[PDB]
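Novice: The primary structure of each chain is shown beneath.
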Amino acid sequence: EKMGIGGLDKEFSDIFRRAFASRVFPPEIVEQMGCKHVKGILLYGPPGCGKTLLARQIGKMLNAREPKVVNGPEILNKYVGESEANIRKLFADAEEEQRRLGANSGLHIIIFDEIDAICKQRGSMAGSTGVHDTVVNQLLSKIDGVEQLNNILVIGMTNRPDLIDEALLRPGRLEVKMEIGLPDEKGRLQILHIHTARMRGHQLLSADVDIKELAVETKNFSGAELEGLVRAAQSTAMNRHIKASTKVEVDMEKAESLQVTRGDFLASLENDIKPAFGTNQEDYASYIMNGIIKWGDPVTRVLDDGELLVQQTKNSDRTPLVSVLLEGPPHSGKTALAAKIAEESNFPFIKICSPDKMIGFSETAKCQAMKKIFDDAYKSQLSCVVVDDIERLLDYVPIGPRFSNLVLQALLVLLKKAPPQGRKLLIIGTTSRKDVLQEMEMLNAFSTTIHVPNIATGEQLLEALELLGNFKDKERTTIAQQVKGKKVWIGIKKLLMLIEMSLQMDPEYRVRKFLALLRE
Amino acid sequence: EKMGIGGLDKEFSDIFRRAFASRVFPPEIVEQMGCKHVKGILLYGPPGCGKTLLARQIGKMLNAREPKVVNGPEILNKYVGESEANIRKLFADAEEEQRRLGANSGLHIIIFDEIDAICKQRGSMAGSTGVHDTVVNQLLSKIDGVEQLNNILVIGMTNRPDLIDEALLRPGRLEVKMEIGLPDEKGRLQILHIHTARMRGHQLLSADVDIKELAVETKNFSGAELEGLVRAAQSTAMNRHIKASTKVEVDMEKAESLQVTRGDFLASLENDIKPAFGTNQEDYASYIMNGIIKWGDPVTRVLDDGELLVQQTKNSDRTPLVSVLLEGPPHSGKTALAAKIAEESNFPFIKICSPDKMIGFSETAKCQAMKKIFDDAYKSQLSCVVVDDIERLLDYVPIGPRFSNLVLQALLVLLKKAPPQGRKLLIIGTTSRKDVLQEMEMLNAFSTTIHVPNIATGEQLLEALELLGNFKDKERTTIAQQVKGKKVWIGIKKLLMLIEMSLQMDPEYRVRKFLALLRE
Amino acid sequence: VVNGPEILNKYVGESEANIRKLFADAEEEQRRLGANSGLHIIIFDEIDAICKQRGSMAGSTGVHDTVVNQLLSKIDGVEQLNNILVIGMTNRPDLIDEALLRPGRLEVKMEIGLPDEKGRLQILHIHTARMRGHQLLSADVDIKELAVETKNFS
Ligand SMILES: Nc1ncnc2c1ncn2[C@@H]1O[C@H](COP(=O)(O)OP(=O)(O)OP(=O)(O)O)[C@@H](O)[C@H]1O
Ligand SMILES: Nc1ncnc2c1ncn2[C@@H]1O[C@H](COP(=O)(O)OP(=O)(O)OP(=O)(O)O)[C@@H](O)[C@H]1O
Ligand SMILES: Nc1ncnc2c1ncn2[C@@H]1O[C@H](COP(=O)(O)OP(=O)(O)OP(=O)(O)O)[C@@H](O)[C@H]1O
Ligand SMILES: Nc1ncnc2c1ncn2[C@@H]1O[C@H](COP(=O)(O)OP(=O)(O)OP(=O)(O)O)[C@@H](O)[C@H]1O
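Sequences listed follow chains A, B and C, in order. Going by full-length UniProt numbering, the first residue of the first sequence is number 216, and it counts up by one from there. Going by full-length UniProt numbering, the first residue of the second sequence is number 216, and it counts up by one from there. Going by full-length UniProt numbering, the first residue of the third sequence is number 284, and it counts up by one from there.
In isolation and in its complexed conformation, chain A is listed as follows:
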């Protein structure tokens, strides 16, 4: 339509309505029904969603010919007297054109590129005691008394929503707050196409660049983050050409200037991996280090009961909140199977609330960083949160026994706190202690419990060793002469610890080392 803004179909049409459609188009109801038009728009959002790119381009749709972009703290850099002077010379050229020509253009655009630098009045009623609050209210006195019944438009944008005072967020001052969030899958295919427009019209690069395949593999990150995939991608194609021949500098147009491949993109999201946030992108290989093998027949019967219950989250309307529990012996593979079921849902918000990121926190800050994860799962539609390793969030120890009662009573409630209306949430829990959770009345809160047992037979013990591929078939036959006819019971995380302790010995001594360690 214009210089590209993608994934804001429901939002660029929203600022069509409130400011753009009135005061210019019809104009008969404007001149019949004497109207007050809106004064400007406040732009919420995480960094990287084109808040500037609207205001860089909203002064470039009707070609109003007067854009006025001021910077954030650009006013304040004078001393007293002249501090107030810049905003009353900023509105002045549009206030002067409120003339005997009172209507009819009508100088529109006034842009504060980050307005919370000036307009705080945050509620703690402080901060230099008002060199800014003499240009906060001087800004407010310029729009009401004297009235600007005009075409002016004060588009100020920000990142912190609440810290601008609501006396400036009243409808006479500024009403239209607009949450400009990170785009979805449909939003990201709109926005890969813009930066890959000129390269699409460059040489038909390699035809394996599928922006639908790049929409799904890039699942979280926003617009400016998504441009940074491209600026590394076409830069990767340069050092495909400018350093393979010579060093700094020599080579210049030696290979008939080359093409952006799919192999450049997949290396461009190995570097950079980081979406920033990192919501749904933890790179959970730290939680699943050695894959998910089907060592036992119950293993499929664990992770199907996940997706037999994931469909309850996707489809239902009776039960909007699902709280499952993956229990069992320790080292049995509960955290690993919790990440796989959380991955196979393909939800748009998959967060692993896990105590490996919460160490050293006091009894209180574990409640806040569990509140924060269970806030950002309410701000979606489908979301799975793995409340991992219950007896570490509860920081339990069986001497006494002691545990944080502040966290437990912030965790018995979040298993029953439903999300807002129409929204869904899946809670996967892992514990090695069912009987401890039976005392604290948490099995009452969890909906159903999935048992993850250890290995049960020697036939499961051989099959657990088959798929890993660490012993020879004659060595497995020696184990089959041993572990068949015996009772074995050991976890799978421990069973990876045993094999790596056994492979460090001499080849005549590895099997007898493994039989000693398995004996416990």
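No lab work stands behind these hints: they were computed from the structure. There may be inaccurate statements among the hints.
To be verified - Below, computed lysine to any residue pairings styled on SDA-like, alpha-carbon distance capped at 20 Å:
id: 1; chain 1: B; residue 1: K469; chain 2: A; residue 2: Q247
id: 2; chain 1: A; residue 1: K392; chain 2: B; residue 2: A439
id: 3; chain 1: A; residue 1: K283; chain 2: A; residue 2: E312
id: 4; chain 1: A; residue 1: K594; chain 2: B; residue 2: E485
id: 5; chain 1: C; residue 1: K293; chain 2: B; residue 2: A341
id: 6; chain 1: C; residue 1: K293; chain 2: B; residue 2: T344
id: 7; chain 1: B; residue 1: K728; chain 2: A; residue 2: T664
id: 8; chain 1: A; residue 1: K594; chain 2: B; residue 2: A491
id: 9; chain 1: A; residue 1: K251; chain 2: B; residue 2: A439
id: 10; chain 1: B; residue 1: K708; chain 2: A; residue 2: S662
id: 11; chain 1: B; residue 1: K251; chain 2: C; residue 2: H410
id: 12; chain 1: C; residue 1: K304; chain 2: B; residue 2: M340
id: 13; chain 1: A; residue 1: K632; chain 2: B; residue 2: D498
id: 14; chain 1: C; residue 1: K304; chain 2: C; residue 2: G338
id: 15; chain 1: B; residue 1: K687; chain 2: A; residue 2: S531
id: 16; chain 1: A; residue 1: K293; chain 2: B; residue 2: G342
id: 17; chain 1: B; residue 1: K709; chain 2: A; residue 2: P535
id: 18; chain 1: B; residue 1: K304; chain 2: A; residue 2: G360
id: 19; chain 1: B; residue 1: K293; chain 2: A; residue 2: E362
id: 20; chain 1: A; residue 1: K251; chain 2: B; residue 2: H410
id: 21; chain 1: B; residue 1: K566; chain 2: A; residue 2: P635
id: 22; chain 1: A; residue 1: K529; chain 2: B; residue 2: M720
id: 23; chain 1: A; residue 1: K586; chain 2: B; residue 2: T579
id: 24; chain 1: A; residue 1: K632; chain 2: A; residue 2: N620
id: 25; chain 1: B; residue 1: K728; chain 2: A; residue 2: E522
id: 26; chain 1: A; residue 1: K293; chain 2: B; residue 2: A341
id: 27; chain 1: A; residue 1: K702; chain 2: A; residue 2: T664
id: 28; chain 1: A; residue 1: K586; chain 2: B; residue 2: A580
id: 29; chain 1: B; residue 1: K708; chain 2: A; residue 2: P635
id: 30; chain 1: C; residue 1: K293; chain 2: B; residue 2: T349
id: 31; chain 1: B; residue 1: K709; chain 2: A; residue 2: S531
Please arrange chains B and C with the ligands on chain A, whose structure you already have, making use of the hints.
Specialist: Below, chains B and C with the ligands alone, put in the same frame as chain A:
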């Protein structure tokens, strides 16, 4: 008398007692018998509450005939000395009538627009030394020393009640409390009829539009949002007059002028959602999530004994404080039926002291969020407070057992502390652990307990399933023919867990899976 | 007259300077004539809030450890060797500092108890003497009779 304004019907005597009631009758014995005057009224309220149309009338209460308006920020643009002389443009306006005639109604009230801008008083003196507070030390002299024989009333008005000056709280200065609430039903529809008369189109708008059709859906917010409600709707007319016609590039008068349809206000409360406020009931549907089916006689036993007790709260003399406790097994509908008894009571103040809004709070913050609820129940005449899930407020866990004593003592008092005379308070409690609340000496404090049991028979089980409507009669016969003459004992919330998990399965194995679930 | 809790309302720095401000206005009146007025009266409206010293060492990491100073060693050492008079008053009189009740500093008590019914008669005669300058308003309002149904208050 009054200009169509109400809400504070107990306050319309207060102006006719102390402040406005004096300075008329002798007026030359006021100095012979030293009745000290009052110099000002201070007005509280939210942003957009509307005070000026009352402030021009509060001088017309006295027939003042010179209410002049000084603004908050507009006096604060000029420098020091000049600003203190421009307040002497409007205080020596009333001091020239402090003439050799020292009586007979010297010149009248000066209107403020914003004491939030003028009076701040942090105690800061770091950067323009608080130039906002440098006009008031001259302006506190203009009311006292040198005092006035005028009948002025300094009408202080703010949108934030914190930064009214605590050094101005002197009985000779402005000293009396005056909260002004939201506009009521008649106050909102008349000002809707003010705006729709000028924005008429034909009469008010196009058809299917009425100010009471809006009053039955817009009953929440303040006045400035209500001007922005129509201002969004005449912009939703620009959704209709031009955007429902075609795109940006609309023609000249071919839509037949196509003004506001129904809704254009339903959308204005949903895209975007504009309550901004604060404070109304939210949400008795968030706790009654799947409705209240009536699976037999124990559902009836809850509702009749509740409302006979609601008749006790409304129509008593001996019992100003009625405290009832609901009980039973967990997952048995205790939270919902307490909300059902309160919502049918039609009391004005029905708020829910709930644990799921207090997660992560300390022991002190659970006692000040509970007093803040019970203080606002001491202000209305009839009020029912649902105090849900006592043992999560008491953050109880039966290991040790550890519970916050400080909440228990902020709760054992409030089940015995009556409100002041004429105002009644109903308190409903829910608990899963009945006898634990007995051991804390709290069934001592409740007046009565109304039992909420589980479902008992298959006839009551199927009645809970006939009202939900989820199964085929051949399956419902099979569900009947298994538990026919057998005993089942499970909660109703758990019944929603088992049935919804059974819906996800394949119909060859749905009922047999449900028959394995109902076994426990 | 300076208020009690008004002297503390700042951060660190000004609540030690305000207790010098109300003496430097007296110290600058110690002019070339060292005696002879001698700017006398300093009213603490509540000295209890300054020399609080409750033991819990709270209150802005011990601001009540740092605002006793210009009450202690500004009147004494170096002395304003005058006839000045720091007239303090309080409502929680036991928890004032022991270093303040020294014969160089504020040294002697004044127990103003709540008044007797003779003393309540004397104060009612004062604020009805202006009522007597109206018309006396009843010809039977007797302040001795009104002093019967006030037994305790001030
Ligand atoms: N939705 C988008 N579509 C295309 N490009 C974008 C988009 N969002 C950001 N960009 C890129 O990012 C740059 C500006 O980003 P953006 O406006 O999001 O930063 P910002 O939000 O103004 O920063 P801040 O949050 O500090 O205000 C543009 O030059 C553009 O190349
Ligand atoms: N089929 C499998 N099922 C489960 N885990 C597996 C499987 N195959 C490999 N693993 C390994 O299990 C490891 C993680 O196990 P997990 O972290 O659940 O143990 P845990 O029960 O959390 O330990 P603890 O009881 O000490 O908390 C992963 O590193 C993964 O490599
Ligand atoms: N429930 C109510 N109780 C008392 N007064 C009410 C109520 N509802 C409305 N009012 C009156 O409505 C008026 C609001 O009028 P309006 O919004 O048109 O202008 P305003 O906001 O007062 O003016 P300004 O914008 O200058 O403050 C108030 O002054 C108030 O007196
Ligand atoms: N007859 C009924 N009475 C009350 N609630 C019912 C009934 N039938 C179904 N329900 C449903 O049961 C659901 C759970 O109700 P509720 O939260 O009151 O259970 P609860 O026993 O109080 O749980 P908890 O004790 O853990 O708070 C509600 O969504 C409600 O719609």
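Novice: Hints the structure violates: just list their numbers, smallest first.
Specialist: 14, 27
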